[PDB]
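Let the sequences and hints guide you as you build the complete structure.
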Amino acid sequence: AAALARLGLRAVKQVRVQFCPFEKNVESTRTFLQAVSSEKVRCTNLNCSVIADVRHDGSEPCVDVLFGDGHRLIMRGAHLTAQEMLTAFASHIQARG
Amino acid sequence: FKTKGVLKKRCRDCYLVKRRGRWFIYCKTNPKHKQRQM
Amino acid sequence: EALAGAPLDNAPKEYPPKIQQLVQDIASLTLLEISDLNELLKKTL
Amino acid sequence: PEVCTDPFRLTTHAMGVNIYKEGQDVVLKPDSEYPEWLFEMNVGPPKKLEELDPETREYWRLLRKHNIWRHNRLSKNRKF
Amino acid sequence: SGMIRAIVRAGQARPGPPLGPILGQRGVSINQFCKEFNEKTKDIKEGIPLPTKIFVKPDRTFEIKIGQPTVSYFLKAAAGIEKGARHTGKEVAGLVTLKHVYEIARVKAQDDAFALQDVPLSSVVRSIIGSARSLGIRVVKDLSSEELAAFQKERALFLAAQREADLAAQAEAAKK
Amino acid sequence: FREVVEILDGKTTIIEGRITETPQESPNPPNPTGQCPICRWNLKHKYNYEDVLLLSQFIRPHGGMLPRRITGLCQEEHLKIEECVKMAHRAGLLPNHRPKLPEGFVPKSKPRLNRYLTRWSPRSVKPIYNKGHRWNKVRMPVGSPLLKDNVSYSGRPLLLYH
Amino acid sequence: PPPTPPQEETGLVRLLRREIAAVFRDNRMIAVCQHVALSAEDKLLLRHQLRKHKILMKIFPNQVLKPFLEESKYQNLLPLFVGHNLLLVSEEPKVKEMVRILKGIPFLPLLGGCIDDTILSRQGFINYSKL
Amino acid sequence: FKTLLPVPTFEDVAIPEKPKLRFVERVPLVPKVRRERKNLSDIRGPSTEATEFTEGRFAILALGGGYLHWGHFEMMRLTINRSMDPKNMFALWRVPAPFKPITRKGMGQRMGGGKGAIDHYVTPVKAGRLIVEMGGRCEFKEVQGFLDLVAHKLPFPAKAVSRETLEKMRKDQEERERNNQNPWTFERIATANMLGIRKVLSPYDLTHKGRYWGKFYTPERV
RNA sequence: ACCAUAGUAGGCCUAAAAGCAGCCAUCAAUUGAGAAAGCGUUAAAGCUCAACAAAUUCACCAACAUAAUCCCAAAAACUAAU
Ligand SMILES: [Mg+2]
Ligand SMILES: [Mg+2]
Ligand SMILES: [Mg+2]
Ligand SMILES: [Mg+2]
Ligand SMILES: [Zn+2]
Ligand SMILES: [Zn+2]
Numbered sequence: 002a003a004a005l006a007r008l009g010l011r012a013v014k015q016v017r018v019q020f021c022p023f024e025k026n027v028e029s030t031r032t033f034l035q036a037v038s039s040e041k042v043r044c045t046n047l048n049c050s051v052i053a054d055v056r057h058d059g060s061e062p063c064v065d066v067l068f069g070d071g072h073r074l075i076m077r078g079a080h081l082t083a084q085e086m087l088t089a090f091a092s093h094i095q096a097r098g
Numbered sequence: 063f064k065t066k067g068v069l070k071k072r073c074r075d076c077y078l079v080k081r082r083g084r085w086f087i088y089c090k091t092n093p094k095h096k097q098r099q100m
Numbered sequence: 046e047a048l049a050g051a052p053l054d055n056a057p058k059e060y061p062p063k064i065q066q067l068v069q070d071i072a073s074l075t076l077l078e079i080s081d082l083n084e085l086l087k088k089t090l
Numbered sequence: 059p060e061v062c063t064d065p066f067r068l069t070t071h072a073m074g075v076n077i078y079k080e081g082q083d084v085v086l087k088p089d090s091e092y093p094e095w096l097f098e099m100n101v102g103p104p105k106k107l108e109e110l111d112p113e114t115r116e117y118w119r120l121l122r123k124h125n126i127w128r129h130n131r132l133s134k135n136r137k138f
Numbered sequence: 017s018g019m020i021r022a023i024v025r026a027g028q029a030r031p032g033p034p035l036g037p038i039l040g041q042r043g044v045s046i047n048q049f050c051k052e053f054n055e056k057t058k059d060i061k062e063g064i065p066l067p068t069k070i071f072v073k074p075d076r077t078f079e080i081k082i083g084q085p086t087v088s089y090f091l092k093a094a095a096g097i098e099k100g101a102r103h104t105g106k107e108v109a110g111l112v113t114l115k116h117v118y119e120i121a122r123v124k125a126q127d128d129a130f131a132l133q134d135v136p137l138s139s140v141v142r143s144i145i146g147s148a149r150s151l152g153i154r155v156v157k158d159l160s161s162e163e164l165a166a167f168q169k170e171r172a173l174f175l176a177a178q179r180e181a182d183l184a185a186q187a188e189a190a191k192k
Numbered sequence: 035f036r037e038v039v040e041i042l043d044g045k046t047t048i049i050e051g052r053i054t055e056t057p058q059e060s061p062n063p064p065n066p067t068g069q070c071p072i073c074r075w076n077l078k079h080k081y082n083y084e085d086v087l088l089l090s091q092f093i094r095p096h097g098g099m100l101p102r103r104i105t106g107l108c109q110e111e112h113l114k115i116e117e118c119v120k121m122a123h124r125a126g127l128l129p130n131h132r133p134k135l136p137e138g139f140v141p142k143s144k145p146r147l148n149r150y151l152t153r154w155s156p157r158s159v160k161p162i163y164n165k166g167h168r169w170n171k172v173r174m175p176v177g178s179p180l181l182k183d184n185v186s187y188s189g190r191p192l193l194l195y196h
Numbered sequence: 067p068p069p070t071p072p073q074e075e076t077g078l079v080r081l082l083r084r085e086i087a088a089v090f091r092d093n094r095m096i097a098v099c100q101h102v103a104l105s106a107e108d109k110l111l112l113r114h115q116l117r118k119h120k121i122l123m124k125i126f127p128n129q130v131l132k133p134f135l136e137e138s139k140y141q142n143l144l145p146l147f148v149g150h151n152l153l154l155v156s157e158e159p160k161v162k163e164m165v166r167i168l169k170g171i172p173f174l175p176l177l178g179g180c181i182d183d184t185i186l187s188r189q190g191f192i193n194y195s196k197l
Numbered sequence: 030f031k032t033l034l035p036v037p038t039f040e041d042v043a044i045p046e047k048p049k050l051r052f053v054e055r056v057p058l059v060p061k062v063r064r065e066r067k068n069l070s071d072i073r074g075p076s077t078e079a080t081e082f083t084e085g086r087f088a089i090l091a092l093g094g095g096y097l098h099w100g101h102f103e104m105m106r107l108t109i110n111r112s113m114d115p116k117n118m119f120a121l122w123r124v125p126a127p128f129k130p131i132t133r134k135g136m137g138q139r140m141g142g143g144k145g146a147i148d149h150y151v152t153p154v155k156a157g158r159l160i161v162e163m164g165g166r167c168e169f170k171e172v173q174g175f176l177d178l179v180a181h182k183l184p185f186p187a188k189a190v191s192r193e194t195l196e197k198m199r200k201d202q203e204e205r206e207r208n209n210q211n212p213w214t215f216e217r218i219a220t221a222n223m224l225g226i227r228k229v230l231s232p233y234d235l236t237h238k239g240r241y242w243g244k245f246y247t248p249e250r251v
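Chains as they are written, first to last, in the deposited numbering: chain Bp, 2 to 98; chain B9, 63 to 100; chain CL, 46 to 90; chain Bq, 59 to 138; chain BK, 17 to 192; chain Bx, 35 to 196; chain BJ, 67 to 197; chain BQ, 30 to 251.
Don't take each hint at face value.
[Stated by the list, open to error] Straight-line distance between alpha carbons at most 30 Å, and here's what the computed DSS-like set of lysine-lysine pairs gives:
#1 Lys47 (chain BQ) / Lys129 (chain BQ)
#2 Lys137 (chain Bq) / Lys182 (chain BQ)
#3 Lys87 (chain Bq) / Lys157 (chain BK)
#4 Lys109 (chain BJ) / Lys41 (chain Bp)
#5 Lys56 (chain BK) / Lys73 (chain BK)
#6 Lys71 (chain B9) / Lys31 (chain BQ)
#7 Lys157 (chain BK) / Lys191 (chain BK)
#8 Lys106 (chain BK) / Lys67 (chain BQ)
#9 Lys45 (chain Bx) / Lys90 (chain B9)
#10 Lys94 (chain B9) / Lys129 (chain BQ)
#11 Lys169 (chain BJ) / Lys69 (chain BK)
#12 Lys196 (chain BJ) / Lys41 (chain Bp)
#13 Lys123 (chain Bq) / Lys129 (chain BQ)
#14 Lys81 (chain BK) / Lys169 (chain BJ)
#15 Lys45 (chain Bx) / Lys171 (chain Bx)
#16 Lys81 (chain BK) / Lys132 (chain BJ)
#17 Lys129 (chain BQ) / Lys71 (chain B9)
#18 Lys31 (chain BQ) / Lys134 (chain Bq)
#19 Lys41 (chain Bp) / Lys157 (chain BK)
#20 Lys49 (chain BQ) / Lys134 (chain Bq)
#21 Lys69 (chain BK) / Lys79 (chain Bq)
#22 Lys87 (chain Bq) / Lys61 (chain BK)
#23 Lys69 (chain BK) / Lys51 (chain BK)
#24 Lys120 (chain Bx) / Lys171 (chain Bx)
Just so you know, the hints here were simulated from the structure itself, not pulled from any lab data.
Shown next as structure tokens:
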């Protein structure tokens, strides 16, 4: 949460995390959602739309970030760790935007 | 840098790293806390 | 003892057998029983 | 910049509840209009660790407070 | 834009410090704020203090939210005392009955804190009891017929003695 | 083992985590009741810096060591293996466990000096100009003191300082 | 290693288990949600809106809740209790109002729950609200 | 989630009047007119006095021998008084005021001519003796923290010990001495006069058992 | 890493003393947070600690420059040694 807060998320439009809580490999995605929907991340940019899609039969937890560079970062996290996902997202944000 | 026989952290931001065979208190917030083990 | 598996609407195709057996019990009775049943439900609820 | 009262008016009613301009002070309703459990609260020394039983949340709240106090006392000397 | 808390009087809403400069720095006019406060609290007894929250929006627009007065003021008014005790616990300033405590709790239940935290009146009564303990006001179960005045007389003589001792100490320090 | 792959197409990035098959432990350990890998395979006080077949079992493909909470070693065995890996890397063993830099591999430098049983980092030691006399002699450390408990068939203790 | 030195269960964990059992036995509607760390004023406003409908929320440690869950008949709720958890506790289950008041915040996901010993997912709660 | 442990409560201990350390005189009220020989046996060997706690729970233990003079006494007094809480702690001395005179030549630096002139007074301290003893309603961590400075500034090596720590180190020493593996020990060899080692040993080595060498005490010598 | 809201700016002194020049109390709301253990402000604000919620490899002290004609055997970590 602190890493995203110290990044200036002002240049992010929409972040949607779609997962199934009843699966066994959605823990990393849930932790990513909690880290990206924190109070500091909310206050560092207000126009960002954070969506949490819950399914039961999807069985494929994924995250989508659409931002105003006309850019789409999609990460289908089934074995990715939460820390690695956060680092990759932060690197892409500080690279483009 | 101050060359000392005993290194102690003078704040919470001091970090101890071993370089060139010696021990170092490096500090970024307060550069005056730079200490080098003799 | 345990609970169900929480099926969703994405692939909803199986229903609990309780409703089917209730329908079968309803259908396996005569019009006199139907009249008594509906009058009893009217009186109670 | 308000004013208090010296005579038995204090014993006959309170002087804080009335906030609006009109002096519609509330009367002292007896126990017939006040709850019984109100008069059954610890108004003296706070409950102690040896007084509280170990099967209530109050005991563990007090233990947590004492642990925080102990940590503060032992960390009074902040080396860094 | 930000969150502003202010202890303001019911009708003595002056456009001066320490409240006028803060709102001027924020950007909203202070005359409008004073007028709105006076018209909103014109039915409240002038002189009592009360906390209020000021919300400032871009284009320099302000809104006012006013809560219940301070428990310190409530308990001091209930006990009939003008100022609290210095040495808390070792000396007692006044006596407040559990009945007065319950009345204060009932009248203050309609504040933002205890409204957002939907709790029974027992919690509010306990909070008022703790505030009285901090104030140095003892909370007797049920004792007020004339002993309240009997204690008031001795409290007045003790306050006079304390004032004399403070004057003597100040004179000794000045001559030292 | 897990790998992260990145795909770029039309200013869109997709990263995927792919799991490939990894080798498992051998079926028959000589001492199955040991709680530690080395200490149950009976390699305690048995390996050295030159036993790369054991030292390379758990090191990252770029030469870094693996965490103890993942490997399962006891603390002393983890420290011994870390020191052995350092000594092997300095000696020149494990030549394929280095990062690939085509831009830096072209500017060749002075030929590497052959060495082994090197305790300190080569760039952190100062030459001993004085060297002392017999009563106060400055000795050169060789090997590591962590491996002083290894089995000695000849019976002579290892000369860690010479 | 030597045999296990069984750690005595203290009053804190005993009372937590007692409260969890009372919650799981008394009330009927037990929903599970992900606890998102936000401002305390937002938390207080959420409790305010929930207590408008007289349905509460609780937080219990996982170290205590997981053994109770696997020992009880709710072993199918294990995947719902990995991260930060919120237990919405309700008598006279009213999922429609809960969905209506939680729709305002888009990023609070309904992990699932049970209504009268019937495990239902977010789709199940949608169905109950539609009913 | 972590368990809640009870905290130690101190109610039986009572803080006495004047918990600060008392001022000590550099010279005794009656000075010693007669110059005495510098017996170093008051430093050599283990201590027999002030080796056990009397009223406090923490102490400064001396692991070696030496002389304490008014500078050391003033240092200890000032440091402990300024870093100790009078409302919850109390401290007491365990060494007497400087009484043993020390002489310096002064007039004339050539060898001979007689004894020197009394310059200052010292308090001889042996290894294993307590110097300052503290107690009260406090925990050992803070007392150890601000007593390690005094222990370091003392001439002889010293530690900030407690009753539990002193008992632990004594029991560890006893365990080491009982489970020592090699059959050959300094005490056994010295008492049996094996190899004629009494020729190079000392008559006090039979009692010191090789753990004390002059004014230095080595606690790891069994 | 992890977030830190409440009666309340606790009561006195003070130009101001809002957890923090100081003295006395040290209660109480919440499932969980000391009238506050360190930075910071004239005073506020703000940054941390302990508290809950999440996981939890191991973690108490121990390291310390130098001289004068030119450094000073060379070298060696495993073939069995009471
Ligand atoms: Mg010393
Ligand atoms: Mg509480
Ligand atoms: Mg914390
Ligand atoms: Mg120099
Ligand atoms: Zn620093
Ligand atoms: Zn092992």
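Going through the numbered hints above, which ones does this structure break? Give me the numbers in ascending order. 7, 8, 9, 10, 12, 13, 15, 16, 17 and 19
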